Amino acid sequence: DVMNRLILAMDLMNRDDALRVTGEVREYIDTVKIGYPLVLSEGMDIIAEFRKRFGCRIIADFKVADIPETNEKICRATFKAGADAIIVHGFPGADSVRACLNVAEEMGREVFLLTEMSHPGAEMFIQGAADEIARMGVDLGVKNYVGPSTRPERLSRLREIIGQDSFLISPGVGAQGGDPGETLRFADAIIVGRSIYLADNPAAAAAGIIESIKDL
Amino acid sequence: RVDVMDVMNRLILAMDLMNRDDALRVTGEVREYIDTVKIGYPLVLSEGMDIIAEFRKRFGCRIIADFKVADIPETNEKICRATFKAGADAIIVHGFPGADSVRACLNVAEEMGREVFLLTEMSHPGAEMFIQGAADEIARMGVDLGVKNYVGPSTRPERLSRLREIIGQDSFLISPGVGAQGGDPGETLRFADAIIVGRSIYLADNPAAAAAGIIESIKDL
Ligand SMILES: O=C1CCN([C@@H]2O[C@H](COP(=O)(O)O)[C@@H](O)[C@H]2O)C(=O)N1
Ligand SMILES: O=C1CCN([C@@H]2O[C@H](COP(=O)(O)O)[C@@H](O)[C@H]2O)C(=O)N1
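Going down the list, the sequences are from chains B and A.
Counting from 10, one number per residue, gives the positions in the first sequence under the authors' numbering.
Counting from 5, one number per residue, gives the positions in the second sequence under the authors' numbering.
Since the hints were derived computationally from the structure, they do not count as laboratory data.
Do not take every clue at face value.
As the list claims (entries may be wrong) - No farther apart than 30 Å at their CA atoms in a straight line, the calculated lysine-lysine pairs in the DSS-like style are these:
(1) A:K89 to B:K89
(2) A:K61 to B:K61
(3) A:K61 to B:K89
Stated by the list, open to error - To give an idea of the chain A side of the interface with chain B (calculated C-beta under 8 Å), a few residues:
(4) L49
(5) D75
(6) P77
(7) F100
(8) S127
(9) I170
(10) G190
(11) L193
To be verified - Where chain B lies over chain A, by a calculated footprint (3+ residues, C-beta under 8 Å):
(12) 131-137
(13) 171-177
Note that CB positions come from ideal geometry on N, CA and C, so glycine has one too.
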C-alpha cells in the first residue's frame with residue numbers, strides 16, 4: 010500500500026542530504042526505495058536509520074543478479090538489515106530468482122521481479138526477453154514486478170502477462186522521460202528519483218506529481 | 005596477456021564468507037598462494053565497504069569487486085565511483101543491460117585509473133534461459149566498447165572457448181565455477197588466464213592445503 014502511489018528513489022549518496030530530502034517529502038510518500046548508491050556509501054545500517062527516522066517502508070533496489078547460492082546470501086543480508094522487499098533481476102534465470110524467493114519466504118519478506126529496464130541500452134538484450142521473464146515470474150509465483158515507465162506499451166503488455174492481482178511498480182518517471190499518469194494506467198505505483206531529490210524544493214516537486222495524479 | 009595485470013598462480017580467491025574474522029583468517033591462511041581477491045556483496049553487505057581497503061592494506065592483494073553492476077547508466081556510474089573510492093582495483097559489470105550501461109562503468113574506471121571486467125555468460129544452470137543466447141553478442145559488444153577484461157563460465161568449457169575466440173588472445177579472461185559448481189581447473193585454464201575459486205577453498209577444513217593442491221594440479225599444465 011503506497012501512499013499517493015508515489016515511491017521515492019533515494020539515490021543521493023550523502024546521508025545528510027538523503028535524510029534531509031526524505032524528510033522534505035515524508036508527508037507525501039511513505040515508501041522509500043534505497044539502492045546501492047546510498048547503501049554502499051553509508052552502509053547497510055542506513056536502512057534501519059531510515060526506518061527509525063521516517064517509519065517508512067523500504068524496498069532495496071539491489072537488482073540481485075548472481076547465481077542461486079550467492080543470491081541467497083545477498084537477500085539474507087538485505088532482509089536482516091531490515092528491508093521490506095528486494096528487487097531481483099530475472100535475466101539470470103529461474104533458479105537465480107527462486108533463490109531470493111526462498112529466502113523471502115523463510116524470512117517473511119518480499120521479492121520484486123525486474124522484467125524490463127527503462128533505459129535505452131535495455132533494447133539490446135533485455136527487451137526481447139522481457140515477456141519470457143515476466144512469464145517465468147508467473148510460473149515461479151512472483152506477485153511483485155517492476156516495469157519501464159519509459160515504454161507505456163511495454164508496461165501494458167507486462168500488466169496483461171502478470172494479471173490484475175499482481176503488484177506492479179515502475180521507474181523511469183520524470184528524469185528519464187516517463188509521465189506519472191500514463192504510467193499509473195497500468196502500474197500500481199511510480200518510482201521517482203531525480204525529479205524530486207535534485208529539485209530546489211523536493212517538497213513541492215513531490216506535491217506537484219501528486220496534484221497531477223489526484224485526477225487519477 | 006602481458007600488457008595486462010596478471011594474477012599470482014592463475015588463482016583468484018572468491019572470498020564470500022560473511023563475517024570479518026573468518027574472512028580475514030581464511031584469506032590470511034592462503035595469502036601465500038594468491039595475490040588477487042574477489043570480494044562480493046555477501047561480505048561487503050555484512051561488514052561494510054571499508055572491508056575492501058582493509059584487505060588491500062593487510063594483504064597487499066589486488067581487489068576485484070564482484071558487484072555485477074546491472075543498472076541504468078546514471079546509477080552504474082555512482083556504483084562504480086563508490087566502489088573505486090572504497091579502493092577496489094576492478095569491478096565486474098553485467099553486459100545484459102546493454103552498451104550504454106557498460107560504457108558508464110568504463111568511463112569512471114578510465115577516469116579513476118581502475119579496471120572493468122565484463123560478465124558475458126554466467127555459470128549456473130539458469131544461465132541457459134536468457135544469458136547464454138546473448139553471450140556471444142555481449143562479448144562482441146565488450147570488445148567494441150574497448151573492454152579488455154572478461155568473465156566466462158568454467159562449467160561450460162566449450163562456451164568459454166567460444167568467448168576466448170571472440171575476445172581474442174590479448175584479452176584477459178577469468179573464470180568462476182571451478183569446484184563447488186563442478187568445473188575443472190585444467191580444462192578451464194586452457195582458455196581462461198585465471199580461475200576464480202570460492203567454496204572449494206574457504207569451506208575446506210584446511211584452506212591453505214586446498215589452495216596449494218589446486219595450484220599443484222595447475223602447475224604441470
Ligand atoms: O529499469 C530500471 C532499473 C531500476 N531503475 C532505478 O529507478 C531509479 C530512477 O531514478 P530516476 O527517477 O532519477 O530515473 C534509479 O534508482 C534507478 O537505478 C531504473 O531507473 N530503471
Ligand atoms: O557467473 C557467475 C557470476 C559470478 N560468480 C561468482 O564466483 C564465485 C564462485 O564461488 P564458488 O567457487 O564457491 O562457486 C561466487 O562469488 C559467485 O557469486 C559465479 O560463480 N558465476
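Results for each hint:
For the proposed pair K89 of chain A and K89 of chain B, the alpha carbon gap of about 26 Å is at most 30 Å, so the pair holds. Under the criterion of a C-alpha separation no larger than 30 Å, the hint pairing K61 of chain A with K61 of chain B is inconsistent with the structure, at around 35 Å. Note on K61 of chain A and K89 of chain B: the hinted pairing holds, with a Cα-Cα distance of about 29 Å set against a maximum of 30 Å. With its C-beta approaching chain B no nearer than about 4 Å, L49 of chain A sits inside the 8 Å limit, and its interface hint holds.
Against a cut-off of 8 Å between C-beta atoms, the interface hint on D75 of chain A holds, since the closest Cβ of chain B lies about 6 Å away. Interface hint at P77 of chain A: satisfied, since its Cβ lies 6 Å from the closest Cβ of chain B, which is below the 8 Å cut-off. Here the hint on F100 of chain A is kept, as its CB sits about 5 Å from the closest CB of chain B, short of 8 Å. At its closest, the beta carbon of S127 of chain A sits 7 Å from a beta carbon of chain B; the interface hint therefore holds under the 8 Å criterion.
Because the beta carbon of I170 of chain A sits about 16 Å from the nearest beta carbon in chain B, more than 8 Å, this interface hint is broken. The beta carbon of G190 of chain A comes no nearer than 22 Å to any beta carbon in chain B, farther than 8 Å, and the hint placing it at the interface is violated. Annotation: interface hint on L193 of chain A violated; nearest CB of chain B at approximately 21 Å, more than 8 Å. Coverage of the region 131-137 of chain A by chain B holds in this model, with 5 residues showing a Cβ closer than 8 Å to a Cβ of that chain against a need of three.
Counting residues of the region 171-177 of chain A whose CB lies closer than 8 Å to any CB of chain B gives 0, which falls below the minimum of 3, so the coverage claim is violated.
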